[PDB]
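Model the full structure from these sequences, guided by the hints.
2 protein chains.
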Amino acid sequence: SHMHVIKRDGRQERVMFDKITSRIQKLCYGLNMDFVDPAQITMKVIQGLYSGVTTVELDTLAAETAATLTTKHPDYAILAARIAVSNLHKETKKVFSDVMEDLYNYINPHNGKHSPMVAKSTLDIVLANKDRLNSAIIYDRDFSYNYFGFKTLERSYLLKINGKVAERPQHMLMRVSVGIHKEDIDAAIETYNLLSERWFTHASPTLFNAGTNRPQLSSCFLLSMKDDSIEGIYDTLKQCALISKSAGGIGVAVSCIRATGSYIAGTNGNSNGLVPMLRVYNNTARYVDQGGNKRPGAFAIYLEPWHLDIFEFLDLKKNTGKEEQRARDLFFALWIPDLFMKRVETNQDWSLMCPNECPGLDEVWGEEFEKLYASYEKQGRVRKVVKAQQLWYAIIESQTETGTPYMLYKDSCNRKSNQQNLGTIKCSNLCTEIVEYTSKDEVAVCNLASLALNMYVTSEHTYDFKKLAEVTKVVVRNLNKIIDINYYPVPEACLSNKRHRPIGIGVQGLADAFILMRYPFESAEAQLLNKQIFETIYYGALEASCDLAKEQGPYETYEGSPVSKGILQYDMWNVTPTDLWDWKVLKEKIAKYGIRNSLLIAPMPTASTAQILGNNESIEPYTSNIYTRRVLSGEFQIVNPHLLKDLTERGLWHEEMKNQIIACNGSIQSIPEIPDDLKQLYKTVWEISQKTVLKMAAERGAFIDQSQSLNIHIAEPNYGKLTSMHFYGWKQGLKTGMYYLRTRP
Amino acid sequence: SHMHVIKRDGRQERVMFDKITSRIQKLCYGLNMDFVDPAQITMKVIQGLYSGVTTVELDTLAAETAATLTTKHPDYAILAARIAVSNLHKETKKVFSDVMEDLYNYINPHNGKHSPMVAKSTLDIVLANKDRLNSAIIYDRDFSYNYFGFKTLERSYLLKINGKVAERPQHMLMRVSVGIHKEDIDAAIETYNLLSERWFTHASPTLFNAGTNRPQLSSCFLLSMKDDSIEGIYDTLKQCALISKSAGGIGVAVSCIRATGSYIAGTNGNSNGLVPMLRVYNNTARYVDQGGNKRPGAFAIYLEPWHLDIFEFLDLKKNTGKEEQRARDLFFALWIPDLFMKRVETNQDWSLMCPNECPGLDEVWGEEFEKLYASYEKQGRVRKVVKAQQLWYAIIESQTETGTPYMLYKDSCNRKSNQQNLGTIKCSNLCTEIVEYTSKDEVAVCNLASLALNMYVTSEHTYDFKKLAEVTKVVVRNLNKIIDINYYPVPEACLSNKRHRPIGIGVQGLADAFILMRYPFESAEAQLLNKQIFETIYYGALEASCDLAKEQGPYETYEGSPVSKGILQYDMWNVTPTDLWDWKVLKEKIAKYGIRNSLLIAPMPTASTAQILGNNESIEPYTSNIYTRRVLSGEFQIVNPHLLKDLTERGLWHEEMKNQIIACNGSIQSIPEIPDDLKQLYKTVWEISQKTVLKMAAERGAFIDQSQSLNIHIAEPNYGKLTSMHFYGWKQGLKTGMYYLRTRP
Ligand SMILES: Nc1ncnc2c1ncn2[C@H]1C[C@H](O)[C@@H](COP(=O)(O)OP(=O)(O)OP(=O)(O)O)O1
Ligand SMILES: Nc1ncnc2c1ncn2[C@H]1C[C@H](O)[C@@H](COP(=O)(O)OP(=O)(O)OP(=O)(O)O)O1
Ligand SMILES: Nc1ncnc2c1ncn2[C@H]1C[C@H](O)[C@@H](COP(=O)(O)OP(=O)(O)OP(=O)(O)O)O1
Ligand SMILES: Nc1ncnc2c1ncn2[C@H]1C[C@H](O)[C@@H](COP(=O)(O)OP(=O)(O)OP(=O)(O)O)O1
Ligand SMILES: Nc1ccn([C@@H]2O[C@H](COP(=O)(O)OP(=O)(O)O)[C@@H](O)[C@H]2O)c(=O)n1
Ligand SMILES: Nc1ccn([C@@H]2O[C@H](COP(=O)(O)OP(=O)(O)O)[C@@H](O)[C@H]2O)c(=O)n1
Ligand SMILES: [Mg+2]
Ligand SMILES: [Mg+2]
Ligand SMILES: [Mg+2]
Ligand SMILES: [Mg+2]
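Chains as they are written, first to last, in the working numbering: chain A, 1 to 745; chain B, 1 to 745.
Treat the hints loosely; a few may be bogus.
[What the hints assert, rightly or not] Straight-line distance between alpha carbons at most 20 angstroms, and here's what the computed SDA-like set of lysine to any residue pairs gives:
| id | chain 1 | residue 1 | chain 2 | residue 2 |
| --- | --- | --- | --- | --- |
| 1 | B | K72 | A | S1 |
| 2 | A | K44 | B | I189 |
| 3 | A | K19 | B | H2 |
| 4 | A | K19 | B | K19 |
| 5 | B | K19 | A | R343 |
| 6 | A | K26 | B | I189 |
| 7 | B | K44 | A | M16 |
| 8 | B | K72 | A | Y50 |
| 9 | A | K7 | B | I189 |
| 10 | A | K371 | A | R343 |
| 11 | B | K19 | A | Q47 |
| 12 | A | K26 | B | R14 |
| 13 | B | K94 | B | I189 |
| 14 | A | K7 | B | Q40 |
| 15 | B | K44 | A | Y50 |
| 16 | B | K26 | B | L58 |
| 17 | A | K72 | B | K19 |
| 18 | A | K44 | B | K72 |
| 19 | A | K679 | A | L516 |
| 20 | A | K44 | B | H2 |
| 21 | B | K26 | A | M16 |
| 22 | A | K44 | B | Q40 |
| 23 | B | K19 | A | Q25 |
| 24 | B | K93 | B | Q40 |
| 25 | B | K44 | A | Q47 |
| 26 | A | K151 | A | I78 |
| 27 | A | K19 | B | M16 |
| 28 | A | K44 | B | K94 |
| 29 | B | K44 | A | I46 |
| 30 | A | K378 | A | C358 |
| 31 | B | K691 | B | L681 |
| 32 | A | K94 | A | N111 |
| 33 | A | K44 | B | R155 |
| 34 | B | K44 | A | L58 |
[What the hints assert, rightly or not] Facing chain B, from chain A, some residues (calculated, C-beta under 7 angstroms):
| id | residue |
| --- | --- |
| 35 | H2 |
| 36 | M3 |
| 37 | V15 |
| 38 | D37 |
These are calculated hints, taken from the structure and not from any lab test.
Yeah, the Cβ is synthetic: ideal placement off N, Cα and C, and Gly gets one too.
Printed below as a string of structure tokens:
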């Protein structure tokens, strides 16, 4: 008949338009009514309406229209967040316990199987404790997310039932706290309130599988080859298949595979090298997706540069060429020793050999690698001799073209790690921050936890240090409770992760801490500031693991580590820390009790986590002050809201200032309406000299017991800033030369 | 600030959308609610709304959107009429008297002059009689117009004040009845109620200037040249300028101007002919517009075919050629005698002469013209001799290309008219229906009144005859009261229009009378029907003028007319009328009292009048069953609503039948969903053989004392149907061969 809409109860009515403005103005309380205008939003919604429309599409399109209108006044972000979050909170259930009973009592709607979303012990903990725990949840905190962080949180992370999302966000975060803190409830309420107050957040597989039926909370996996045979290659392929099933990240050390042309004693033939093998890993990276297709399964391939197939390895992730000689859905990385640095330095030659001819090489680092490599370089057992600057030119061609390979430094990582007593660290994970020991028997597993920073900044614009160590103590107790609950997908993972027991802590949003502390990025108080911050994080981490080892005893391989010898991570950098803390009593209690976890700190990139909480990616500056937004039918420009927060107060903001920053791509310094302080507080990273950031990485990574991601931003391809940049990173002592060479077009 | 609309009081408010659907559903009472849908109309209105919009634009766009949605169901025409008419009736004043005081008390808003819209005697009649007359008006009748008839009535006919229309339609029709019936009120209330019940309507200059300050109620003007000198040409140009100022229609007899090359005794030169002279009349037709630019001033130019400049006259209204040899904003017509018919008939020759050489020719018709033309054809005084079929081929080239010239028959008009005693009828008006005597002293003026037809059809589908003569009596009393109130623009007009005193009555919408009487157009009861109708109209007209002559005496030149000799118009056609009436007592009372008006009946085209009342153009069939509508941003297709009225009852109407009639251009007979009666009741005029219509014109024009318009519709250029058509019209005896040759593309 007429234009009827399908009202959410399931019924239909006539189109009465004042229900829209009746609802929006109800959801506009507490905003600037001088620019909050329900009529424009209603008008663009009615531009899209038709007959027979479910009303949840009208609320979705209402929040979408408010998100597109956010450019006119910044309160429409708060409005659009209230529209989407109110749309969800009207939909699903109020009580957490009946949601959990609905998830456990799930039935596959065409197979009849009692196929739960949560394990029965999780439901046991909930139903035994629902009275305190339903009282602990606070739904006032769900209106605190950004809109785009809420849509990113909704599209993939909330547990769905037949396509309809059936979890509020506090149901997910309380589900995580039950999923980790099993027996105890006080830790679940301190962990819940410290969690939902957005102080720290766990990693994404923890948000996937906390308390579910297959609890695989880990996110870091480091695998090396079992053998240089078909059985080793395909058994390693099997382990990468299972681990990439249970939503992990896999970095593979592929150093020990014989090269093209070496003799095969079994079938009297010659090998074809690494290129079809890594092509098999290419199709495996396409087939298995992490979890329920939530993100594609990605593999890192690490190769040391002395291997003979290095040129076809570097020409492998490209765009042109034959298709059968490209494997472009992987991530390639070079695990470079100091000798290739020295031979590129003085234009000498370089010996590409085959690890069947020269066996047992990648397990040897430093001066011993110099002696063994020189002794094989003497005997003439090598196969090819290439001038080192030619291969360096090939590396800069590959990084210039695609950004791959990554570059890590072998002797720097093997020298400055707490797992020296085990052997030689072969590889690292996909995002190049977990530097741990791998073997044929031990497959390295590490857990993650990302602390935010800008929630700690007080109103005095003086940073809070004493809170940060305290939350770090709660985090270390969380991860150390994670390691003993996790279900490892392969049997080699449990022995490594329970013998050595590592954790991982990484912060996100350093640029917001600098803006809210009101310092320039290349100032003196910034370089003092991050140094003091990671002294606080590192100190509180060591105090927390000390207080755990006082209660459960240290890990199984402690005596032999340099921490048992008193050398902490900063002395391996030979940098005495500041007088901000008391390190003597810390080293006394460590010398009397040990520590519980081997490796502690690890700055991860946190793309998706910082996408949720609105912070910037972990430590880098803003890419531009204008950042785009992916909206259906609108992909548009939103300025940095801290910059806009200062501009509305300083008066220089007007109705075309956005258009004034369109034609400069974030560069606010070219405009004549300038207080000449925003040019220091809001430096575009393209307008930031990279070597100051590298010095800041030398200080901060000098207070980190693992590596850290390092997105290199360079506007134009030039070999001097690249070559001097990598050599400068090697001279400062960094464990990671690069993670991406990013060139803006 | 926000989106505020300017509410009609002059204020502003927020955009609240349920005021729209709150109003439309209030204006939807009495319609089919199964398809009446306010939400679609509201949706397309809100597609056009913006901030700072006057609400009368929202009602205008609402009625416009309903007019475009009328295709889905025919009740949206009734809706859109109620929207526009309610928009006007909310706007202007309720009382007629204060509107008249506002119009008389008008002041030019930048000259201060008391420049009235009505004369002071009109306001005297209103203010002396406002108590009965404000009670007589019925505003229930304004919701009876069509939408497009109301917009056509509003854009040009209602008297505006500074661009804002300040007259309701009943204010205009009551203003007309006061403007004609001055002293009497009973005639103003019978005339008002018979008028506003849409029975008959006056002509368009009557609607322009009834009771205004310059009352020029006439619409027919026939002028001939005073002299074949510069003084005669430019004095005639002066009279055409003044008459075209006061909104008349001018037909000019340009027979008596000497041709190209004749000697000029004053300045010893030779004339250039007619072409630059008619070019001067071209620019005069562009400059002076009728009234307040309400329609462009148009001139008819009549020429008899024996004049020497006839070839450049026929090649004059074209599209190509040099610009200085074209006069295309005129209307050209040939005033053909029988001799050109006979010489084209038998392929003989034809004598093109010059009226300076052969003087006193156009004042002579018939056999006397044959004798005088043969005597000048004998003496060799002629100048050119052209084969007659060549000039006939030139005429068919001109009518084929543009439709001009018109064709009238000289001896047929001079033989069958009541003004034989005066002399020779030279010319006729622009629309070729007023055939009256012109002279140097008498400039012919005729008034018009168009009766509708389909209001007379009773529910029994038997036509009402006794009402039609009665309304015809009221009409004849109206026009005879018009002639004595009118203000003639030139002094020669008053002597003609008061000596001979003619009137004019023409009907509109014959196709609707045939459909509502349910007969085929080419049936037997149609040809019986229009014959009976014009016997009724002609009989009631003669009875009315008889009853006027019983009270005031006949006109000044009665004794000498053939009506005084007893011969009425039908005996000049030698057709005895039917036994429907009593003609003997009529001819007795005429023989004892005479008649008051010389010429009575005149079928005019009525483009604009039938555009108001929704009827078809006067006597022709429908051009197509689908007719387009001019709407801003929508120029679309609406079917004939009587056809649609039968299709919704007979069930064959469905939701794509319009699309089934798109690809046939009104031809409903090609579709397979056919009751084979609609193919007879709804014949497209392109699917109608023209000679049956010509026979119907012989009967109906055999009962008309003047000529009648005749739009000839022929789909393709073919010389046989044209030539046989004009010869057939001459053989039936018609006074008008053609008014347009229309070819659909
Ligand atoms: N009758 C209607 N016609 C068109 N849109 C409507 C109508 N009613 C509500 N809407 C719009 C307004 C909102 O933008 C959106 C959601 O309305 P909403 O009221 O929340 O559904 P609902 O009526 O079931 O919720 P609730 O019953 O709790 O009020 O749909
Ligand atoms: N048929 C083959 N095609 C391509 N590559 C092969 C083939 N067989 C073996 N390889 C590669 C896989 C390993 O990289 C390598 C050795 O495999 P492996 O089983 O150890 O050889 P083998 O034991 O039979 O001879 P060897 O004793 O020399 O190793 O050669
Ligand atoms: N506040 C509004 N915002 C947008 N459109 C409106 C608003 N109010 C009325 N309209 C629409 C409804 C109608 O289609 C059109 C004209 O409204 P209308 O009510 O007749 O003006 P009005 O309010 O001055 O008349 P009245 O005072 O007699 O009610 O404008
Ligand atoms: N100068 C001119 N240019 C063009 N046409 C002219 C001119 N003078 C006269 N005519 C035309 C207009 C008339 O159609 C025609 C006669 O005009 P008119 O005044 O009667 O001439 P006339 O009286 O001086 O000489 P005649 O006695 O021959 O008419 O000649
Ligand atoms: N595309 C990616 C990126 C990272 N990761 C893994 O997630 C870890 C940290 O990356 P991250 O914190 O940016 O991942 P998110 O938590 O943001 O999803 C890495 O060590 C990888 O193991 C992944 O599996 N797939
Ligand atoms: N374009 C026109 C059409 C007609 N007319 C005059 O109006 C008379 C009848 O034409 P009509 O009845 O179609 O004119 P309307 O009343 O429809 O405007 C003609 O005799 C002309 O004198 C005109 O002046 N201009
Ligand atoms: Mg509701
Ligand atoms: Mg082997
Ligand atoms: Mg109103
Ligand atoms: Mg003269």
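We went through each hint and held it up to the structure:
no.: 1; hint: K72(B) to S1(A); in the structure: holds (13 angstroms)
no.: 2; hint: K44(A) to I189(B); in the structure: violated (54 angstroms)
no.: 3; hint: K19(A) to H2(B); in the structure: holds (19 angstroms)
no.: 4; hint: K19(A) to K19(B); in the structure: holds (13 angstroms)
no.: 5; hint: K19(B) to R343(A); in the structure: violated (83 angstroms)
no.: 6; hint: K26(A) to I189(B); in the structure: violated (59 angstroms)
no.: 7; hint: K44(B) to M16(A); in the structure: holds (15 angstroms)
no.: 8; hint: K72(B) to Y50(A); in the structure: holds (17 angstroms)
no.: 9; hint: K7(A) to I189(B); in the structure: violated (57 angstroms)
no.: 10; hint: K371(A) to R343(A); in the structure: holds (15 angstroms)
no.: 11; hint: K19(B) to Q47(A); in the structure: holds (18 angstroms)
no.: 12; hint: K26(A) to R14(B); in the structure: holds (16 angstroms)
no.: 13; hint: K94(B) to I189(B); in the structure: holds (18 angstroms)
no.: 14; hint: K7(A) to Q40(B); in the structure: holds (19 angstroms)
no.: 15; hint: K44(B) to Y50(A); in the structure: holds (11 angstroms)
no.: 16; hint: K26(B) to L58(B); in the structure: holds (16 angstroms)
no.: 17; hint: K72(A) to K19(B); in the structure: violated (28 angstroms)
no.: 18; hint: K44(A) to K72(B); in the structure: violated (26 angstroms)
no.: 19; hint: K679(A) to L516(A); in the structure: holds (15 angstroms)
no.: 20; hint: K44(A) to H2(B); in the structure: holds (15 angstroms)
no.: 21; hint: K26(B) to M16(A); in the structure: holds (15 angstroms)
no.: 22; hint: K44(A) to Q40(B); in the structure: holds (16 angstroms)
no.: 23; hint: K19(B) to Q25(A); in the structure: holds (18 angstroms)
no.: 24; hint: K93(B) to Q40(B); in the structure: violated (32 angstroms)
no.: 25; hint: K44(B) to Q47(A); in the structure: holds (9 angstroms)
no.: 26; hint: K151(A) to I78(A); in the structure: holds (14 angstroms)
no.: 27; hint: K19(A) to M16(B); in the structure: holds (11 angstroms)
no.: 28; hint: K44(A) to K94(B); in the structure: violated (40 angstroms)
no.: 29; hint: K44(B) to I46(A); in the structure: holds (10 angstroms)
no.: 30; hint: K378(A) to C358(A); in the structure: holds (12 angstroms)
no.: 31; hint: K691(B) to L681(B); in the structure: holds (18 angstroms)
no.: 32; hint: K94(A) to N111(A); in the structure: violated (29 angstroms)
no.: 33; hint: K44(A) to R155(B); in the structure: violated (34 angstroms)
no.: 34; hint: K44(B) to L58(A); in the structure: holds (18 angstroms)
no.: 35; hint: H2; in the structure: holds (5 angstroms)
no.: 36; hint: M3; in the structure: holds (4 angstroms)
no.: 37; hint: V15; in the structure: holds (5 angstroms)
no.: 38; hint: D37; in the structure: holds (5 angstroms)
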